[PDB]
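As structure tokens, one chain now follows by itself in the form deposited in one PDB entry.
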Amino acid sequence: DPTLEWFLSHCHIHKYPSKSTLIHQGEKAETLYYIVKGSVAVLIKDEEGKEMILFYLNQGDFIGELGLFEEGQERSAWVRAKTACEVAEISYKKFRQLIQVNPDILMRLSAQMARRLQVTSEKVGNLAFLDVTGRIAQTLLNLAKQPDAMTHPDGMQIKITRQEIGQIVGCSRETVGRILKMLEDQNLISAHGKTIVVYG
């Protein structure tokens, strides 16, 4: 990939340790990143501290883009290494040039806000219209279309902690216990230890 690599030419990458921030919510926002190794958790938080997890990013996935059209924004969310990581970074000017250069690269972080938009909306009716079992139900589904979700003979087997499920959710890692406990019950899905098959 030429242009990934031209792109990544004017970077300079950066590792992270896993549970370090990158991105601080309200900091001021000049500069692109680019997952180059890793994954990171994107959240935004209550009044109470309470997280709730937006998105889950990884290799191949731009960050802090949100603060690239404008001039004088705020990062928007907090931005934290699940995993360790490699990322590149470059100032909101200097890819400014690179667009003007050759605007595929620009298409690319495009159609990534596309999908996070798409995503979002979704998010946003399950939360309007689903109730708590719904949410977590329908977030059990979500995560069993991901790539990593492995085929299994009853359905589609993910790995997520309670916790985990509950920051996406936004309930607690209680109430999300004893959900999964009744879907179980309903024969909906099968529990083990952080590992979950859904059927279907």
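Numbering follows the first chain given and starts at 1. If you superpose the two forms and keep the largest set of C-alpha atoms that fall within 1.5 Å, you have the rigid core. Compared with the form deposited in another entry:
- Among the candidates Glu27, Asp46, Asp154, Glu30, displacement between these two forms reaches 2 angstroms at the C-alpha for one position only, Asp154 (superposition on the rigid core).
- Superposition of the core reveals a Cα shift of 2 Å or more for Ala144 between these two forms.
We have the form deposited in one PDB entry; now please give the form deposited in another entry.
What comes next is one chain alone, with no partners or other molecules.
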């Protein structure tokens, strides 16, 4: 996109090794980010530092946008490199000015925001209205519909530990274990190690 390359040329680019943290919750938000390459997890934690994956973001996604519209706010979640990443960065001050030149940039951002809101609402709905078996089932679908969802002859094919799922659904890797076996008995999936086969 020629409009992204306009945006990007005003950004400093920094590579982050898989597993490194780009954003720490609670920091002061003063900068926007943009994933040029790679993917990251958005996480939040609970009292005893228990993690919950709240979204996966990927190349082309902005990050750190939520403190852009009002000065003096804090990062609302940790963002962690899922794989090695290359992330552009820019101060909100500089970015607000781009918007002044070309509003189309703010338009691109708002669109990802509107979509994260839909998805997150749906996630809210999922926790309220599904049994932990139901969520784990939903989570597999959504994972096999990730841009990076691979392909298998009997459906889609994903990789993910039982703990990651556990964090996505808010259950333990133990519970995730039982339910994965159960869904496999119902021949809905197939688990050979850390590779699940979802059908669709």
